[PDB]
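K.L.:
Chain by chain, the residues run as shown.
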Amino acid sequence: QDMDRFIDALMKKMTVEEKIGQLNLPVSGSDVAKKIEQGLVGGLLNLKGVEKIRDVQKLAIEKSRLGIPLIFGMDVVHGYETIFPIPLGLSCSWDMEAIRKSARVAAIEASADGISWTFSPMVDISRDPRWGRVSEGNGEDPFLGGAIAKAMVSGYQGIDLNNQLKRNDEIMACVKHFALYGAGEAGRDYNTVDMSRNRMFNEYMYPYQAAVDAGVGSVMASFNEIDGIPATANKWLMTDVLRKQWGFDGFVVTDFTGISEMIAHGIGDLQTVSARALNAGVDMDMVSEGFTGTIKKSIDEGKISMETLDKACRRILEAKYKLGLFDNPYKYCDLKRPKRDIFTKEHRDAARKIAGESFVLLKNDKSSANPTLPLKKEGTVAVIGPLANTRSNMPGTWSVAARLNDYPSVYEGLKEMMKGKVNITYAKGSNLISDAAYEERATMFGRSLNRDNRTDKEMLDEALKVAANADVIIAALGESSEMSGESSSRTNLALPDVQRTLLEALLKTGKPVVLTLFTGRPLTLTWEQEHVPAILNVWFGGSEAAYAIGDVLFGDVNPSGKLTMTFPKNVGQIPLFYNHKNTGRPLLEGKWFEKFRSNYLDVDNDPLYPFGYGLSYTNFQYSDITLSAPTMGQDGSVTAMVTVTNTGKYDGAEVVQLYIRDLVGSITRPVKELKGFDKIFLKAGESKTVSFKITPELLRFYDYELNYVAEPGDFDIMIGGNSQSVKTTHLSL
Amino acid sequence: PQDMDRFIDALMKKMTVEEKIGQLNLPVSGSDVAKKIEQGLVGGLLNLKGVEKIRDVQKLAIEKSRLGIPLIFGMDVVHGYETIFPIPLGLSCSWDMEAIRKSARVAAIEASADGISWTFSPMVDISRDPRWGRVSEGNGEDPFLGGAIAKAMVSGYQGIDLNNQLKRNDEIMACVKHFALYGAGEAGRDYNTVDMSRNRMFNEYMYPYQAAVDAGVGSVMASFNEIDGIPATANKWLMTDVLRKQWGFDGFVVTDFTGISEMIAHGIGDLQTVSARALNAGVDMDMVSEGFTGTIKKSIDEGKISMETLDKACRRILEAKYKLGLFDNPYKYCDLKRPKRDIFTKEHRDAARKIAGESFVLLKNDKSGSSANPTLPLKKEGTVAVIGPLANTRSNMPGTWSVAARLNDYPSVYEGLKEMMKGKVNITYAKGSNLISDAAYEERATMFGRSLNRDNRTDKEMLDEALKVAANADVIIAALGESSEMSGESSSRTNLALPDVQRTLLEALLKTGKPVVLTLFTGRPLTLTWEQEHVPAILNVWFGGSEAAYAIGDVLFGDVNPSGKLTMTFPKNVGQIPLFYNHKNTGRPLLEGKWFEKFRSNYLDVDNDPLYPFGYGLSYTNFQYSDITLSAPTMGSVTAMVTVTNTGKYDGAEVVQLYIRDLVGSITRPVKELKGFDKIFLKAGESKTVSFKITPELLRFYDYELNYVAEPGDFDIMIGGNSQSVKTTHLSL
Ligand SMILES: [Mg+2]
Ligand SMILES: [Mg+2]
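Which chain is which? The protein sequence lines are A and B, in order. Throughout the first sequence, residue numbering follows the authors' numbering, covering 29 to 57, 67 to 404, 407 to 772 in sequence. Throughout the second sequence, residue numbering follows the authors' numbering, covering 28 to 57, 67 to 671, 675 to 772 in sequence.
No lab work stands behind these hints, which were simulated from the structure alone. Some hints could be false.
[Unchecked claim] Beyond 10 Å from chain B on every Cβ pair, some chain A residues (computed):
#, residue
1, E45
2, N200
3, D231
4, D286
5, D347
6, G459
7, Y639
8, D674
[Said to hold, decoys possible] In the DSS-like style, the derived pairs of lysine-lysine whose C-alpha atoms are separated by at most 25 Å in a straight line are:
#, chain 1, residue 1, chain 2, residue 2
9, A, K630, A, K766
10, B, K359, B, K100
11, B, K608, A, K608
12, B, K416, A, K634
13, B, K550, B, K416
14, A, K41, A, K334
15, B, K72, B, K416
16, B, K634, A, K85
17, B, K416, B, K85
[Said to hold, decoys possible] Chain B stretches covered by chain A per the calculated footprint, using a threshold of three residues with CB under 8 Å from any CB of chain A:
#, stretch
18, 218-227
19, 230-237
20, 265-271
21, 448-457
22, 523-529
23, 617-625
24, 640-653
Positions of the beta carbon are idealized from the N, C-alpha and C atoms, including for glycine.
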């Protein structure tokens, strides 16, 4: 109606070259202004500062023939300047409102600085902790993945589908990486992906669909091939699935240089592969110049229709309309806003809050028979390890707008907040890893630890001198932030060598030790789980991480996070995940080892920590399940409720999880699927009922012909505090 | 060709429904099945050993059943009956199709002589996961090599003229297994889920089964794994669309052990329901499950199975027996004088020793200290100590899947060397270490009669004993690695290294200063970076079979020049799995020499390369290749020819391998694929010419639409001594 008629007239004034130019998305890198004057830039990524963005925008408005405004993109992944936990840690909060509010805040900060478009949320399902980009995602499960995709896009864009992007603090979200990028073979970033159509839809695709359903304005095509076709050239995925079946209405952008990397892939030259991508459904070309370089010749030669180009152009224009940018090219260019909106205390309070509700307590034995945690606010507490006094490694990877050198390290932030209460000391203890050249590439992008030439024994001795002065050791150990993220694959998931050696020495002091574990991925921790009294997985907490860790270790906040990705025992178990098929020879409960079952010779089938695992300072008690009927026909739905009681000594939160088992299928079904969850707070002593409505929709799945169906027969309804501790009841449809 | 049909029509028109279902029944032996046979309810038996026992049982089916339909007697004769050839994986490393077909000929001659008419072999599952114990039973990761051996083996069992097979009483019906994809079990755990695209199936995994069908294989065995979420035994797309309609298979499909009933645990229904689905899918014979005898008639009465479907399955069982000549002579294989004539003769064992020697792979043979010469070949003098838990065990020599073998009768490494080297070398022994630290793990690793007699002794005592022998020897043969039952069925490892205590024993032996030859026993690729750096000489002896000790002497002391070449990639660590030679390029490939480069497809903690590539294997001599002469630059055919010259001091064989790379595809193509090979023998200083014929058919692949096509365009033709060091020339189609 309004939009259509307005874009109609604009497009009537546009040459074929100007339409192609709308598809072009370079970096800002005097240079770029010449392209804009010629009409060749549809948008810009990675320019920073509201004042520079406005100046570039004035060029498009006043010096291109047609005055079409630009989109301004950036990877706002878990914060602009206020830095939240890395997405993988954030997912462990299981707190959909807190996650939406973290996106709302990032949108407000980046919009204050002229950014209208973020390459986020990342929703790739991942079952392989070798892939460093698992830190950017939501874990292994497509139901939780879908809800979080929903929280992030609604936080970025607005909650009401029919009233998004209309505020100057709402920005366009970009869901990535369509698709299956998390199944890169052997955990190596960019590697081949291959899987059946059924596995895709039943296990990998839904979180993309949730983002589209949530209103996401853009989609990014992934680097990986699918069915032998790079995603950026896959008509089936970019048209049949994304548009025909899912009903997406925004535009598709490639990843960085996605188009020209298809040459490397092995499917042709730049003209050939640019036309395939445009014909596939790809709308916007990030840096490759494949569209600008070759579309007009391909149209000349009949390999692309004017129709195809006009669709892609209109989608670019439609996004700019929906953002409000024809109404006002400077909607996001308020030079006053960054002082009012960026790194405020209200933003930092909420990031610190959610950080301490995202950490995951994996162990809390004795080290006196009290649990080691929480810690008494007294005495002397030494913080020892390579991660104890580094500012730049606090935000996590993918924080390209952060102020790395400004945020407090663990040693600093605890010393400040416990001023007058606890004597906080420090020892580096060890390097990151004994391999210096590895430590260097693990600490790039400003994350150096300023590695010395001290022998491992020199730092070891210094740390034991300091630990003898202390009552409790906080071992700050694990990964550097850039040991995860893009192009950060590991074949080994252990605690690095010199750190584990430092750790045992600290355990040999007989003093209580709290492992404060920094990581972007599941790690292999069987030794730590056996020998270390207390273990808190702090992932990477963001810019406020030090204080949140102080909140949790000293009991000001009772930990409530739970794993959203499985923690295998060793690397040989990958992939290991909670929602697997039963197989025809399952190892039954307690039976490892049994010959001629599906198990290994040298380790049992179990993860170290299952999906949904998370301890608390307090314990929770579950009743059995109350179903409102045993069959579904009775009312078309049923209700499954339990009462959870806080039986310990601490007010605390508990993530109640709903699992379902389709017992008999026309194809093999998983042994459980997350189908619901509810995070509740309980005062010590109090109880509450948690109900879940079971609907026929909740039981659907893509059968062998890819029909989305619920089949009659029996289900097991389970509820509990992780995918291994559940009460069970029984329903049929 | 109509005599068979008229005969089987006449027999089938006399059969009650029950007796037709009887023919479909394959129980194990245990009136051990004599009640069942008398009621006409047994189509064959498996694992009955003894020609006289088989003859008595068979006389029961002739004389005591109403119709006198004779039985087929099956057994897993995989790489030998009592003359044991190397395990298939080690056997595939010979690259000698003629010697491989002769190994099945010998096994068939021995197995028929003892009454067996039917072997479950060849196993042609492609695998790229060395965690899976069953790679020992296969042919490696490549489908062109695997298909040739499929043909070699089926021709060996049944006869070379596919139009004139099974007519002799020393030819037996083979069974290709396990159809299909059983080698892609997830996380390398046996029986676990398999999922992949239809495109990967046919370009990467499927051809060895078809090659066997084309070779005339009489029967086919459904695998344990699910495929597209349907267990292979219920998969009608697989068993009917692919196997018969597309490939033209004329024989019959048998299940693996209790395959049908294990579909209940798969989660696809009760015994009657899955039994009906399998017979409707194209499964003809039911191994032990009793699902066909238990439910088929009930399902016909209920209208879930047609008679025509039952008659189809029955007819193929009867055609199998006819083709074996069994109706005409039910006792064709029941000659009580044939055991002494045909089983474990000098001639058979000679051929086993020859091929074993020609299958071991020389992985490393560096000279050390002040030696003018490499350690191998050893000099026929002085004292050579054989040390390690594989040094003096007879029962572990055959390898896994030697069910008929005589575990006590085959010489251990120290005995064979001792007697063959009498009067030239003083051969001594020390156990050195247990197989592994965890005793419970050793007993699971040495079951099925493979005990090493673990003592009460401490590791130190055994080390002191070994080092005391070692100090009196001139050279040490470190006989280390796996027991036989650490591979095979249900023998997955999540750790692919040398066991802890053996590693320790090796390090002490290296520290003696005396030369050390690691003689590595194993049924799978191991991770050997430490050994590749610290051991001067390494020979992979896999498991050589009944004559392994004698062939180990042949090679170690020089009379045989090692010619084996790897058929499966050895990764540097488990974190690299899957790693294999025929992968896609990706869009961000790490170029040669570039590790580590950020934003390439590589790892942080290891480069992308295997420790030893596919087709790798050394010699005591050197082979040099001329450049490739192509008879024409563009595609009748074209001819690709090199000259190979033995430039070193010893006669020896060399596997010449041909690789082809399709440069641009409509889908991504592998960086190279084996397309030919040729094992030549060169006297020292001799040159020979090696020529391959490149036809369009050799360049066909399955495209996105699963059309089998060669696409015009450019090709790299390569010839070399392994998949990483090749001469290159260029062919255009
Ligand atoms: Mg069901
Ligand atoms: Mg081509």
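K.L.:
A separate judgement is required for each hint: does it hold in the structure or not?
P.N.:
Verification of the hints:
1. Every CB of chain B is more than 10 Å from the CB of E45/A (nearest about 28 Å), matching its label as outside the interface.
2. No Cβ of chain B approaches the Cβ of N200/A within 10 Å, the least distance being about 39 Å, so the stated non-interface status holds.
3. The Cβ of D231/A sits about 5 Å from the closest Cβ of chain B, inside the 10 Å cut-off, so the non-interface label is violated.
4. For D286/A, the requirement that its beta carbon stay farther than 10 Å from each beta carbon of chain B is met, with the minimum near 27 Å.
5. For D347/A, the requirement that its beta carbon stay farther than 10 Å from each beta carbon of chain B is met, with the minimum near 27 Å.
6. Taking the minimum C-beta to C-beta distance to chain B, about 42 Å, the non-interface status of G459/A holds against the 10 Å cut.
7. Look at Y639/A: its CB is around 5 Å from the nearest CB on chain B, not clear of 10 Å, so calling it non-interface is violated.
8. Against the 10 Å criterion, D674/A stays outside the reach of chain B, whose nearest CB is about 27 Å from its own CB.
9. Between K630/A and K766/A the alpha-carbon distance is near 22 Å, which keeps this suggested pair within the 25 Å criterion.
10. Annotation: proposed proximity of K359/B to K100/B holds, straight-line Cα distance about 23 Å (limit 25 Å).
11. Between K608/B and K608/A the alpha-carbon distance is near 20 Å, which keeps this suggested pair within the 25 Å criterion.
12. Taking the CA atoms of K416/B and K634/A, the gap is about 44 Å. The hint is violated against a cut of 25 Å.
13. A distance of roughly 16 Å separates the Cα atoms of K550/B and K416/B; the hinted pair therefore holds under the 25 Å criterion.
14. Proposed proximity of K41/A and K334/A is supported: the alpha carbons are some 21 Å apart, at most 25 Å.
15. For the proposed pair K72/B and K416/B, the alpha carbon gap of about 61 Å is over 25 Å, so the pair is violated.
16. Among the hinted pairs, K634/B with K85/A is consistent with the structure: their alpha-carbon atoms are about 23 Å apart, no more than 25 Å.
17. Of the supplied pair hints, the one linking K416/B and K85/B is violated, its CA atoms being roughly 42 Å apart against a limit of 25 Å.
18. Here's how the stretch 218-227 of chain B fares: 6 of its residues keep a CB closer than 8 Å to some CB of chain A, so the rule of at least three is met and the hint holds.
19. Chain A is given as covering the stretch 230-237 of chain B, and this holds because 6 residues of the stretch bring a CB closer than 8 Å to a CB of that chain, at least three being needed.
20. Counting residues of the stretch 265-271 of chain B whose C-beta sits closer than 8 Å to any C-beta of chain A gives 3, which meets the bar of three, so the coverage hint holds.
21. Counting residues of the stretch 448-457 of chain B whose CB lies closer than 8 Å to any CB of chain A gives 0, which falls below the minimum of 3, so the coverage claim is violated.
22. Under a criterion of three residues with beta carbons nearer than 8 Å to beta carbons of chain A, the stated coverage of the stretch 523-529 of chain B is upheld, 5 such residues being counted.
23. Under a criterion of three residues with beta carbons nearer than 8 Å to beta carbons of chain A, the stated coverage of the stretch 617-625 of chain B is upheld, 7 such residues being counted.
24. Taking a C-beta to C-beta cut-off of 8 Å, the stretch 640-653 of chain B contributes 4 residues in contact with chain A, enough for the three needed, and the coverage statement holds.
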